[PDB]
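**Student:** Spelled out from the first residue to the last, the chains are:
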Amino acid sequence: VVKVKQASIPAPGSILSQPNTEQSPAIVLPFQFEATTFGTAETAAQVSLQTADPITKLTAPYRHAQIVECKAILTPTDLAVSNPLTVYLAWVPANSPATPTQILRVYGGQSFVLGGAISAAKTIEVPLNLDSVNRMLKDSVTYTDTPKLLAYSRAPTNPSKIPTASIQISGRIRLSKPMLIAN
Amino acid sequence: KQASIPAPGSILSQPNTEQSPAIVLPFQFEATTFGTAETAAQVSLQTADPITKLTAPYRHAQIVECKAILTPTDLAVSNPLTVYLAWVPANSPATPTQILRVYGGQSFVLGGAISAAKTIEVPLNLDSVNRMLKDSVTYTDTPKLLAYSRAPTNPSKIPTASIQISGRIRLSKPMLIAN
Amino acid sequence: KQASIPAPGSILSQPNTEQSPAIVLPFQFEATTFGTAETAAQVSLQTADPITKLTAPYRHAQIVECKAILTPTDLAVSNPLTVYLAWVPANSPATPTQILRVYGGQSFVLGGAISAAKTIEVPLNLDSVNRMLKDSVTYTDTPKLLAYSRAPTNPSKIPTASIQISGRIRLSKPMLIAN
Amino acid sequence: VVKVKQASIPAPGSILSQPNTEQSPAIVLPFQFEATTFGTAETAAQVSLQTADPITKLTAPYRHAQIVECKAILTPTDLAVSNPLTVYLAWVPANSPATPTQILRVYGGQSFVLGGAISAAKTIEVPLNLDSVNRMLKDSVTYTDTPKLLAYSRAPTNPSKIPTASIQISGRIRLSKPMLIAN
Amino acid sequence: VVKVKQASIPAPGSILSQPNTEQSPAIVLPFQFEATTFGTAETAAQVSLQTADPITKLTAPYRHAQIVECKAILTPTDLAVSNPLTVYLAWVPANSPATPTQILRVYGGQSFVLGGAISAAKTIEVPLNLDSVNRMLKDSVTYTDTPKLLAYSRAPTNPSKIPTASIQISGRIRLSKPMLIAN
Amino acid sequence: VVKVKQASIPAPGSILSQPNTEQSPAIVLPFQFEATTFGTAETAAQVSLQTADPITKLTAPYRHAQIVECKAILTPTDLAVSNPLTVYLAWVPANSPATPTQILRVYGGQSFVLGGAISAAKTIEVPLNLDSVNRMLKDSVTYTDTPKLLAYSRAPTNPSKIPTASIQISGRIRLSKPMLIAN
Amino acid sequence: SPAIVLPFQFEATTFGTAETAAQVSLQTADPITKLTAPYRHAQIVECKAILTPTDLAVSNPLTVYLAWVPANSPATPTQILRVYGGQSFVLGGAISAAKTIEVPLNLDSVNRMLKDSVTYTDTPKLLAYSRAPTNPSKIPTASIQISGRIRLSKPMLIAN
Amino acid sequence: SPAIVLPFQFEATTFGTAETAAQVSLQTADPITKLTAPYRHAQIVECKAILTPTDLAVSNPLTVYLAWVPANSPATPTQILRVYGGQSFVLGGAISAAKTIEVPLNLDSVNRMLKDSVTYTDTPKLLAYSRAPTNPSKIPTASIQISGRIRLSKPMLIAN
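Protein chains in written order, with full-length UniProt numbering: chain E, 6 to 188; chain H, 10 to 188; chain X, 10 to 188; chain A, 6 to 188; chain C, 6 to 188; chain F, 6 to 188; chain G, 29 to 188; chain W, 29 to 188.
Check each hint, because a few of them may be wrong.
What the hints assert, rightly or not - BS3-like mimics (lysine-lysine), calculated; alpha carbons at most 25 angstroms apart, straight line:
(1) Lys127/X / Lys8/F
(2) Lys10/X / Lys62/F
(3) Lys62/H / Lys127/E
(4) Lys62/F / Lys182/F
(5) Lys8/E / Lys62/H
(6) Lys62/F / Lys8/F
(7) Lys62/H / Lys62/X
(8) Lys10/H / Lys8/C
(9) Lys8/E / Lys76/E
(10) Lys76/X / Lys10/A
(11) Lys127/H / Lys76/H
(12) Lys8/C / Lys76/H
What the hints contain is simulated information worked out from the structure, not anything from laboratory work.
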């Protein structure tokens, strides 16, 4: 049921120039897809909003598109109150040596819990502070300061054949300046 | 409390004559049950017997304050479960199995996990859908709620939780009928 | 049009809180039939299924405009009949057989007698009885209509005339119930 | 030779929005067709100005069309002064459980006569009070608050092979915003 | 240790007239009696402040008497932390089809818990919102808009021979305009 | 359905003196009883509001009582449209040689009809013009200027065993200054 | 409108022959009703319950109890007296000539409106009780009749 | 806060069967108490001690003495009468129908506050005495009941 800010450092990414003062109107669409599962085995991935299968299915139809707000959720599962674990979230520019394992020796990386008859277990939001990266996603000239989510883990002791936790992550993007595509 | 975006449905207008004052009648009913088995419920207000018995008699029906309630039972205390949930327009190809693959997705558990033994209030910002419900025509921005829960690892015989829905509505333009 | 006297019934009052706006729902129904045989009907609104189906759902019920209708049929044109009639408080020991031995008594015929083939409107000046109908308590100044007609000299198989009653009422303080 | 108002209740029907302030001009055409016959046998019908064979033959050629005034006449016939009967008019939104038989236990339903050496027998107009329904007939988005006439009867004792009474009903509609149709 | 409002709807009940401006003085007496026990077996009752054995033992000696504030408490018992259960409170006018079982499909009905090693277990107050009913209890002319408490349950799995929870309910009444009675 | 004034002549009757300016309050009660039947045979009576069985049953309980308005109705019966007749109403002070037969050679006496396939047949009111008599009914000192209704008839040709017409007559009296009576 | 005052009196009930003990309500009380029906509303004013010794009495005397109580009130016709406003006397060779007995009905105890639009239950009720032991003659021992005036208005369609 | 007035009446004690003579205190008086417990403070207002002859009496009459005295006061139920404010009557064939007897309790003699925060001893006490010689029937000869109104306030946590 709560939010927790990832400490970040001012390093906005240099963007593309600009027209008159927003040549073409745009639209604000929201989105929320599935990041990754846990508990089935050692899970350690890294997603880039850039090549986010879902994400593009929406960016696809346009040339210009930037994000406005992006969240990082942690939905815990029914079980887990019995087979707890740990996650290592950390927001960072896809441009970096950071790797799931060291998701600690970075900066904002935080360690958690979820489960156990101790804690209470309730959603955990960790907002991506964009002032730390380049907000534009699809643009005329690809960048490398794209937001990429880290978070990793350690293999479980009692692997369930079902998830133990979701990393569903949502937000809002601004697709603009049309595309062409197929049909 | 679910997140949303400004998605108001546009409805027809009234001519300058005058309308019959309404009543603001309230309601609340059982939508679905949890703990028996894989429960993928989809429920749209525009068609819930319960509220209809309250629409049939009039012509102009409008919803006012609607809240979705979630309530556990002396069960979960021992063998919990997870439930998905979210308010959506009867149009979305939303399949309760994706209850969270769509913006505004809400997920939480209840049962043997410290303070999971509580009541959950999550309403719909009726500015996300069509305030109306039964007009001269039929809209589609009708609010249709949906939720889901895995096939319980260990089934019970009785529910582990309700999800009663409650509200109030302005009903006017009284239907001319057979007494 | 029946004659009357100022006979208003006193009813309880409302505390300074605020009441739920009402709806003004209308109605109209078959009260009794004529031509089959000696018909001595007594009918009180406070207990006519027809209007109840419209009171049950609320708590505060008040009548507004009530008219008593009399209507002949293609019958009378050939074998008439006489009918008595009058609006009275459910208290009077009025026996329809005395429909006219009590002030305000109305009597007229219809059928084979020049212009007897017409519709008769005679309403009740609800200032002769209790405006109310279903309150927190139960009054007796409830309007109870009554009429009568001799045992027809030559019976028919179908009615010679209706007497449908029509009206409208303010219904408020909506009953809290099981949806 | 006379009019008789059907008591009604304010419940105008919600219509379709609107353009600038009457995008396209229109025209006011009148009409008057045959409703139903009586006396030949038990007659009990229900007509909806909506699917009024005649009516459409005129609405057909347009997209937008609303009524302005609509009357309900009762022309009695030569006979009848000998084989009287009864009719049960009642105006109501085609959207309702009302059925010819109960044309009484409704609201405005009225009972009549016509015939007999008693009464005088002369036309009877019963104006449809539109404030009670939706006036628009053919529109971009069909409604269900259409005016539908009720009126019913009981079978006669002496069935004539010719009518005993007409229910000719007229009025005026405003067809506008063109159609396309065949030729 | 806490309060929880039952959502209600404005429908105050019509009372009896009045004298000069409080003909006779009165007094404010408080009260607090036992509602019902739980856990011994399937418990589902309905009490009406009207025929509340205790209550009258106090209203008895007067003609005029109205309530001022009325509470609905839920005292949990020592056990229960082991044999949890559920209650279905709901305040409503004794004039209604509401029955313990459906204490849900009503309006303000709420479901609870008490017990289990999860929750904390502490008193639960649920204030009767009088604006929803008739406050006068004993009056010259009996009413039917009396407050009646609902709340029901389901039979327990492990029936203890001792209670699992109290529904002690208190408040304050204003008895006035004397009676006569026996001695 | 109508009224018809009986021509009268100013001759109010001298009443009893008076107290302060209405010593005691009074009340206005209405009444309406059955006068006489017709058609069963030759009917010719004369009623005096004074000894009107019904009337007194109401005047009985008081010492002072005067009339305010008094009507004379003529309700025709179902039949009669076949066996017409004639009535001879006439209002006059019970103090007079007037007798049912000569109800014509008086003054206001009027002749009527009722029935026949010709006329329409509808109630007939004939208001008693009190300025013509003494309005006080029961008083400390009996008068003789009491209103007495006349009206008579001729025996019918086809005597029915049931009435052919009512002479129900109503009005309003003012009983005041209490009595004593039995219980 | 304005009401009018009206008097009345009626044999209440004979506490004389056998063990007499009963309750009388003014609302059902035939006499009264048969006098109020004409009006659609009536408030009671002055009211007294009287007591009358019969010629005999001095032979086989007795004692009767009286008491005024509202409609309800668990007044036990026997537990009478234990109720405030209850009294008792004997009869015969004991003050049977210094202006009757006479027991008054206080108004600020109950309520009037013998019959209005509703059906109040604060209407007066009278209680008595004897035991009529010794020798029960077939002739009364006492009257107990009731009297008073009563306001009433708002005319009301009736029989005639 | 404000109190309310309340009435009561109760069979005091039967000076009828055998030699009756006793003292009754209003403070212990069950009836009363069982009516005051609800409040934490009550001042008495109007109070009278009544006398009632029983049907019999006229057979084997008797005489009773009454007297009102504060808590203390060496009032000897027998030395009664010799105390100011004491009276005595006989019964039967001697005024048994001209409105009972009725003996009033003066207030400016004792004190009220039947039960306050303390335990005053100026509370009223009633005295009587007969001797019931001749033929002691097993049936009472007289009532002596007590009535009155009583103020009372300051609510007080109770049974329910």
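**Student:** Could you grab the alpha-carbon distance between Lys62/H and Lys62/X and see if it respects the 25 angstroms cut-off?
**Tutor:** holds (13 angstroms)
**Student:** Given the hinted pair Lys8/E and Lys76/E, is their alpha-carbon gap at most 25 angstroms?
**Tutor:** Roughly 10 angstroms between the alpha carbons, so the hint for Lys8/E and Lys76/E holds.
**Student:** Does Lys76/H lie within 25 angstroms of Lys127/H when you go C-alpha to C-alpha?
**Tutor:** Holds - the C-alpha atoms of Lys76/H and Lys127/H are around 16 angstroms apart, at most 25 angstroms.
**Student:** Do the alpha carbons of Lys10/X and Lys62/F lie within 25 angstroms of each other, as the hint requires?
**Tutor:** violated (28 angstroms)
**Student:** Holds or violated: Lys62/H and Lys127/E, Cα atoms, limit 25 angstroms.
**Tutor:** violated (38 angstroms)
**Student:** Hey, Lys62/F versus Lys8/F, does the alpha-carbon distance stay inside 25 angstroms?
**Tutor:** Violated - the C-alpha atoms of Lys8/F and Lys62/F are around 28 angstroms apart, more than 25 angstroms.
**Student:** When you check the alpha-carbon spacing of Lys62/F and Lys182/F, does it fall within 25 angstroms?
**Tutor:** holds (16 angstroms)
**Student:** Is the hinted pair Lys127/X and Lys8/F satisfied, with a Cα-Cα distance of at most 25 angstroms?
**Tutor:** Since the Cα atoms of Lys127/X and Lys8/F sit roughly 21 angstroms apart, the hinted pair holds (cutoff 25 angstroms).
**Student:** Straight-line Cα separation of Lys10/H and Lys8/C no greater than 25 angstroms?
**Tutor:** Satisfied, since the Cα-Cα distance of roughly 21 angstroms is no more than 25 angstroms.
**Student:** Checking one constraint from the list: CA of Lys8/E to CA of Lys62/H, max 25 angstroms. Satisfied?
**Tutor:** violated (43 angstroms)
**Student:** Does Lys10/A sit within 25 angstroms of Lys76/X, going by the straight-line distance between their CA atoms?
**Tutor:** holds (15 angstroms)
**Student:** Taking only the CA atoms, is the gap from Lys8/C to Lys76/H under or equal to 25 angstroms?
**Tutor:** holds (20 angstroms)
The structure fails to meet hints 2, 3, 5 and 6 from the earlier list, while all remaining hints are met.
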